[PDB]
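What follows is one chain in structure tokens, specifically the form solved without the ligand.
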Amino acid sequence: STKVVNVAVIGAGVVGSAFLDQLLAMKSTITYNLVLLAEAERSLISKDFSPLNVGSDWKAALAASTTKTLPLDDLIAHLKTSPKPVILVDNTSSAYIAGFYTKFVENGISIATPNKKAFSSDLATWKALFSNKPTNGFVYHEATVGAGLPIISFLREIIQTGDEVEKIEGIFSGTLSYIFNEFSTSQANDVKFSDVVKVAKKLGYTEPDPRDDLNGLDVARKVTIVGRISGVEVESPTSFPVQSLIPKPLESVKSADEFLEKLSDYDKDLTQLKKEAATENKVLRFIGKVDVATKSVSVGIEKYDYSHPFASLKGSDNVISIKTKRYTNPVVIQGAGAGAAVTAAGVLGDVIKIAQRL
């Protein structure tokens, strides 16, 4: 009969709920059997390995559960006794959970996740991605760079095909892109930096503390990932230039709220640089850059021309320009690099790819 694959999910946040929904709704010829779901301490564990009885509302089911969440080692031991191939869907961003990735992998358990942690830390844990071992499951992380856009898979494909990436540059942060699309445009603009980031925060786009977006470390993580798949064995997300948008004097301030009240005090610079670029009929963008030839990598601001693909983005789109041996002219892929629905579809799509390979 039907081919089955058992799924174990950790986290039911914004991305995790979208994923679960889409997952439980997905029509297909392969059977995606939800056997586990974990959110904080409460957890649904189908000891039997039959589909979790979520009835028609896994939310309530997850609520009324009194099954404590299994310690990680116990999570592996459990999963290891499944009648079918297991796929762990880590919807968290816990570097803790990321520490067990290689343990999960090495025990035949596969992984699909938007979690950037394991993939943008030391090179040897990344090297662990070399799951060519016969006893370990697969590792997919599309939602890890650019939500659900056909990016990492497109690189792995052409590369295997025989192509060679040369230069990759793009916009990998939703928040940062939104800010720059609202701040630096093609038309006359008198908007202050402090205000755009002030609003992005209010709409709920920035992290609880926007300083966590402005230090450009999250894009540096994504860049670290693209750079590696691209052949530039980047040591860490911090081992290369990364321009911080945070005013040095506001680097050590008590609250995310003191930051916002005080930030206004430094519009000066960017207001001028924004202007300067206006004169040159250019725009300002926060990008990541990977130059395979010179093994150089970096993230920061850069002025782009109006006819440039990067000057024509909507809302908070992400963008990635891919230049390769056969692609003299970049393949440039653009679209939403954040949002629950979009991202979950990325995680699930990796679920699909993996379940077929099983």
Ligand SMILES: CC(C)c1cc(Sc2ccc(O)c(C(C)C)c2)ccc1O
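Residue numbers count along the first chain shown, from 1. Take the two forms, superpose them, and find the largest set of C-alpha atoms that agree within 1.5 Å; that set is the rigid core. Compared with the form solved in complex with the ligand:
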Second form
There are 2 protein chains.
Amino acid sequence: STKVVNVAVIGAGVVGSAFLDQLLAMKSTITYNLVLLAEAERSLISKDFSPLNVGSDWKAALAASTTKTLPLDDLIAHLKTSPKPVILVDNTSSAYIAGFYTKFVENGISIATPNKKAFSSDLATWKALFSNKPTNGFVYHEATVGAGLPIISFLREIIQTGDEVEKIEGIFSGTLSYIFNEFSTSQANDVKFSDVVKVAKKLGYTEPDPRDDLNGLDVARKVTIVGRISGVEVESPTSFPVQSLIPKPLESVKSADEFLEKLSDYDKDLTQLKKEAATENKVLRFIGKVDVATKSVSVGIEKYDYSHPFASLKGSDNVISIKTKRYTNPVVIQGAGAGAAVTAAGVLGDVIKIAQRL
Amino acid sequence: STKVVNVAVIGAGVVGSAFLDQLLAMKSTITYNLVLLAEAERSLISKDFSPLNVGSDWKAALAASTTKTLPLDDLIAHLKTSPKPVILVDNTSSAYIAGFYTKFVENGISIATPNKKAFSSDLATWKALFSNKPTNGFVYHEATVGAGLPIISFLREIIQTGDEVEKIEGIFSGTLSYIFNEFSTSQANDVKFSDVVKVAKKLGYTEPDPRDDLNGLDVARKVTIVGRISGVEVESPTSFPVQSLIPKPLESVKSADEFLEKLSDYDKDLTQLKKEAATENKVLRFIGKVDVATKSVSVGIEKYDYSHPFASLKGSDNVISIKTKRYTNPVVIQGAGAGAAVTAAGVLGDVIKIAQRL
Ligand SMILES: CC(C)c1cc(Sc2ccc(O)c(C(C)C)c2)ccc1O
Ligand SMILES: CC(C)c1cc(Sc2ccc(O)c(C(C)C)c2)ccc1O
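Form solved without the ligand already given; the form solved in complex with the ligand follows:
First the chain shown before, then all remaining chains and molecules of the complex.
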């Protein structure tokens, strides 16, 4: 059998931190050798190309380590000549790394990233990373959308069997759900958008700069990936309507802290829109949407009815519906769409789905 | 790479019929060779292991045949001669054929099936299948719980990464789901239990004798499998409380019809319960339940609140919740738990997950 496979791990911020914690404490039949741990500059490469000497203590092990991080164009090279099968676990968000997902794979290297960029960026950078050339490596990103959830894992499959997708309506953003779930409820309140997003940054539910969340970017990217998988030819994460929540003016408003106290001047709209929603007996939710038929993708504010499940999401859960040919009655998968462990696990689970194939 | 894998298909009633229709029209990167199609007596074996040059309408190729289905004690003693690894697609459910699986694995045969049998005998026959024996065969059965829905996998996964299922709960029966989704609704309906039951019988949603569905048997079996996966040592599908929806009296009647013509005499019993659902705002559902902690499994009638998602299931959908260590906020997967295509696809998808490993 093939229980010998070497793995390279880049990034160890959060989901990267949990990914490692799990990768080792992960008792399994197969054997995973972490041949290199390269964070920022301080790395932990293994020239010898055999399991490292860090164990469940990579914290300072990588810290101390008088090793400077290897250059990417040189990393793909280092690996071309490696013991047994190799894997890559890009725990980052950098577009610089994914920008080179072609080289890694074109060079057999396998990957399992939660980073969208490559899968949401170019459209020809997708019509290759998934070609049928058996010489290149594997790419698994289940954590790019579902996170710990099996959305991509499930769609791909149902597809080959022969099912055809039609629509995909869902809550793909932790931040925006938390925000909307609190701003618009069935109890009916008049909380301002400003205050909610504020409070949401205070608890660290948004990015250091909320803007990176409010512009629909993230969702827009996630939908693009799903939509593509589904069978729609989406050119880019901007090739369709994406309703940003960043006041037309305020997109550059000095600092981020200079955006919060400034944003407060534009709630008069969403509130009016929230109240009006009330007349129709509706709540406000930020959703993604892909309608295969009309090839129409779009992300923005959609108002759902109370009875509707969406209007009943706790915490920051991502919920996605998949109405297909066979599943006339849409399949609804909902759960933690964010989270250190939750997310890494989707990654670790991915790596596993690879090892079994190599 | 390994794009060469031979498959054996036993049974072609319904989900077996769709499974084949799909297995072929299934354009894929890998190559699946149907080395033998054995239904009842008329089979379509392939001595030279070369594929089954037929194409479509294979139904007339299997019916109109001469080669007699080779015994199960003589098939495992034949297939081994296979050049490439082997797979077994048992699109049936007989506590006979099932009781032969380990006799396939221990010899190197892989199994992909919708059969809930072998995975519900006793905690012995089970271990024999998932014993990670070197040359052993692969055992996959996603269509055994929630049909196409990703239950098993998603469970063998998060756990294989380091998750500890804490509490598994859901509605696992197609018919029962359908039945209750119709009998206990948000708006205090007025349907007599036995009426949505005959209506079930009339549309072929239930078995010829509705009792075989009201005994909880099916659910009890599905829970057992999930519970086992979860980590509980369940001896049998009867080793715990399973509330048969079949009156005590009516169990004895012979006539499948006298049972139905009499089921109306026990409608009130179940009707008051639905009225007692004035309790705040609740609906009635037949659920499965596994509480790892206290090793307590059980299947029966549980009353849920209106707001609760379960109290909002359409058609005959199976919904299952999985509250774990990392997923404090339970992961809820719901979709078509029955269906010809839907189910076969879970099987075909399974076969695929195998080929990639052989
Ligand atoms: C891959 C990329 C989108 C990314 C993900 C995460 S984790 C992550 C996943 C989902 C989600 O709704 C959010 C919000 C808070 C921005 C963060 C952190 C940084 C980051 O750059
Ligand atoms: C494997 C076994 C349980 C089985 C499954 C099916 S398909 C199937 C799957 C789920 C479900 O709730 C039901 C009800 C109608 C009995 C049937 C048909 C025959 C059969 O013997």
